[PDB]
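To start, the structure under review is shown below, and the notes come after it.
One chain of protein is taken out of this complex; the other chains stay put.
Per-chain residue numbering starts at 1, and chain names A, B and C are given in the order in which the chains are listed.
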Amino acid sequence: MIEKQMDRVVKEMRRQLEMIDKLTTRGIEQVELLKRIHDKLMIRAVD
Amino acid sequence: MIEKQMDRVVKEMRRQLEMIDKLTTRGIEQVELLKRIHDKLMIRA
Amino acid sequence: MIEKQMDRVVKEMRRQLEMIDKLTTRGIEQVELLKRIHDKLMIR
Partner (left out) sequence: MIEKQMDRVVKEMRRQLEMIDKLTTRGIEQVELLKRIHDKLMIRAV
């Protein structure tokens, strides 16, 4: 049945997109951590 | 200064990741809409 | 010597974005598995 094949695909896509979402959130955390590093450099760049 | 180049890049990356996030959310909505389509098909046969 | 901390973060971001890339490519495959399903339905 194609409807059962469609089901397997839909579940997989949901699962892929949820992972991409988790990774994206983890990336945004890293970007903040990168902003903090930029800041430390700026503080050191003055003295 | 490198530090100002780093700043421009960090800001850009955040902006890219926020877009990817919006698109991902939009995709999950579409996947639900696809689950609804699969259900209609199940009802039809 | 933060730079080592910056390094650890940059490597991790590279790793995260490469995963997102693999998943994105897997999604595009799926999107075509779906177009084939659409086609089978049309043939019906």
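We adopt the following convention: contacts are C-beta pairs under 8 Å (C-beta built on N, C-alpha and C of every residue); 3 or more make two chains touch, one makes a residue touch a chain.
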Review point. Considering the entire assembly, which residues of chain C contact the chain that has been omitted?
Key: 1, 3, 6-7, 10, 13-14, 17-18, 20-21, 24-25, 27-28, 31, 34-35, 38, 41-42
Exercise for review: Can you list, in ascending order, the chain B residues touching the missing chain?
Suggested key: 2, 5-6, 9, 12-13, 16-17, 19-20, 23-24, 26-27, 30-31, 33-34, 37, 40-41, 44
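Quick note on the criterion: only the chains that are shown with their structure count from here on.
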**Study point:** Rounded Å distance, chain B centre to chain C centre (Cα mean)
**Key:** 11
Study note, to complete from the structure: Per the C-alpha means, the centres of chain A and chain B lie apart by a whole-Å value of 10
**Study point:** chain C, residues touching no fewer than two other chains
**Key:** 13, 20, 27, 34, 41
